[PDB]
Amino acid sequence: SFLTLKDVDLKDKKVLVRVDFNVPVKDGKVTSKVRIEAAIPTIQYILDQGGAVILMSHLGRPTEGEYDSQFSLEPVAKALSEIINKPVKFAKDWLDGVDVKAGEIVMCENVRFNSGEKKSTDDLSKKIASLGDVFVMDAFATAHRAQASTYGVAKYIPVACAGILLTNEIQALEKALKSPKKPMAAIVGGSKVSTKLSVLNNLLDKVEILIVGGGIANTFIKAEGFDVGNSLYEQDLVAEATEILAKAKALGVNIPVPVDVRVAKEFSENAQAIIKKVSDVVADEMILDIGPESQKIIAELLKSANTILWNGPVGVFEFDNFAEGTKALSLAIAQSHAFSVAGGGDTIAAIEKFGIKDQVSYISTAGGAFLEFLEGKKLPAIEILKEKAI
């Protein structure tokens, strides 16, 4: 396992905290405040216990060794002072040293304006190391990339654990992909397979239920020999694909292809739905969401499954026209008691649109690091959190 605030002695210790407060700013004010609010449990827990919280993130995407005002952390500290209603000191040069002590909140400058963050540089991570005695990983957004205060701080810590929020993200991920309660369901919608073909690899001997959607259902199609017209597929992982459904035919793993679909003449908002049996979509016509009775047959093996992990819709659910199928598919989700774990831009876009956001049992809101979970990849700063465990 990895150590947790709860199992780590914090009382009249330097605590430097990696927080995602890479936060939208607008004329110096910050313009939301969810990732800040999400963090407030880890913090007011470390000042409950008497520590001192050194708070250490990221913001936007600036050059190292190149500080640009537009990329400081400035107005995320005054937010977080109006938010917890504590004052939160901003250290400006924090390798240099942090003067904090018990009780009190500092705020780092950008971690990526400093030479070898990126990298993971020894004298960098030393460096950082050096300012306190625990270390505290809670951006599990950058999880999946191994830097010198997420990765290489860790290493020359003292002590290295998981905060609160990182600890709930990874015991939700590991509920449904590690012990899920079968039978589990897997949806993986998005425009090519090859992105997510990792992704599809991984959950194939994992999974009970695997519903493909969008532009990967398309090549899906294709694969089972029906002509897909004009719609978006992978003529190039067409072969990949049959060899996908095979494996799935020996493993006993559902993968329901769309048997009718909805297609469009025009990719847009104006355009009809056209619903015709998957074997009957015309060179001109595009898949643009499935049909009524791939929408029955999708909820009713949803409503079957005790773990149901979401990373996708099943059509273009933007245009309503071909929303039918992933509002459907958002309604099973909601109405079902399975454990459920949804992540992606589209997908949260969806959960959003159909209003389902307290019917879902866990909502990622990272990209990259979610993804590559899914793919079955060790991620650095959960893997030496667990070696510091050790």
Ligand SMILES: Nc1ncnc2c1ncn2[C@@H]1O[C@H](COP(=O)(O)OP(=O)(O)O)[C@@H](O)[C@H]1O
Second form
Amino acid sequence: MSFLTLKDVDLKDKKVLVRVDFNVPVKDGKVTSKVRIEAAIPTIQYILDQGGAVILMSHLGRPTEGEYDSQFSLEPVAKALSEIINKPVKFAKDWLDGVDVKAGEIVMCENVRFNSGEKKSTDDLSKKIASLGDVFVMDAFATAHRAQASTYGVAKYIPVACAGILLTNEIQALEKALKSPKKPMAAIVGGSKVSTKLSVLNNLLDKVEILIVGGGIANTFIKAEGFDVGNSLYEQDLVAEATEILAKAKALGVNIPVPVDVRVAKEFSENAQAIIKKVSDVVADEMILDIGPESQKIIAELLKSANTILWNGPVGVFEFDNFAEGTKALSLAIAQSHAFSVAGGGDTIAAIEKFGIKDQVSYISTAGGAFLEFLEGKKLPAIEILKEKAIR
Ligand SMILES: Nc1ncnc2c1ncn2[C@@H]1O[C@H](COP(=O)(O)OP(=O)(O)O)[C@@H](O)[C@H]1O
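Mind giving me the form deposited with ligand ADP bound, seeing as the form deposited without ligand ADP was just shown?
Complete assembly follows, chain above in first position.
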């Protein structure tokens, strides 16, 4: 609401520049997944119906700035879009000098990342991009955490800057979980290290009633509670930090359900056999690879009560069937909850696909760092410039 959306701007007979996420996997000049191209169809369709000309801008892969590289050209993506849309898509390689388009037509620019000044958002390149159209639309959330000429700089100099369909929905789903969640609110933070999720843990610790820690993160908390972890993956350096997190959670009346029991193994492979053990019975030679059935029950209880769920990780190495029970019971609890659920991160997405509960999750973010920076409570430069340019 703080920024303008597609419905708040005049798109009739205007050159409309759209920053999309067409960072799709390519193999031998052919797209192996069309998911992200299918996602931006409503945004493209809407502009076309309003009477404007669409100018698509995107990044692909990791090319070196200031150089052209055919293995990262958006040419196969332009052909892929024309197939899905059924509408002709002109591919512009000389788009910076000029772009020629007529209402009802779609034009695909060559990869932005080739241009000098893109990563640093140079005012030189930002003004050149802004001069190509009348309105700027930002539809690529996965890149909203980076200030770049085609995600941030163009919005400074273009006459009109707004947010597209995908970006408006992503910010709305995330803000419905973070800014003012219907209580109770439960967050699940799982991963290999407390260090990589510390900022997520400190930001959520203030906004939730339930904070479930999982995997390597949970193991560090098990060590903080005084229990022996043996050969389990944990960060010794952060034990003092996780000890403080448990103290602040106590003071703020947050339920951090540290596992009461675990599933331990003597080998890290898909052939190892689970041994259900109380947290206090972990031997030196053993490693915690999943939670126990008592810890699953505690989690299922707490998520049944919740009206908002924020899921960022598993509770076990679910890639191993013998250590998948914990993440299965967690996924099934989230599915049964009917709470507004927001999921993000690769393991969470793999857990959702493996346990086939994708429909039963209200929102699934496919963003990486952009999703994590938002969960950390940080300002996303692409979003902030749209807020400024929305003021009248
Ligand atoms: N008990 C555990 N011990 C070791 N590794 C685990 C355990 N539980 C889960 N993992 C694995 O650790 C990885 C989590 O790392 P991370 O990349 O931070 O997760 P994400 O970024 O998707 O939230 C996952 O691959 C997960 O399967």
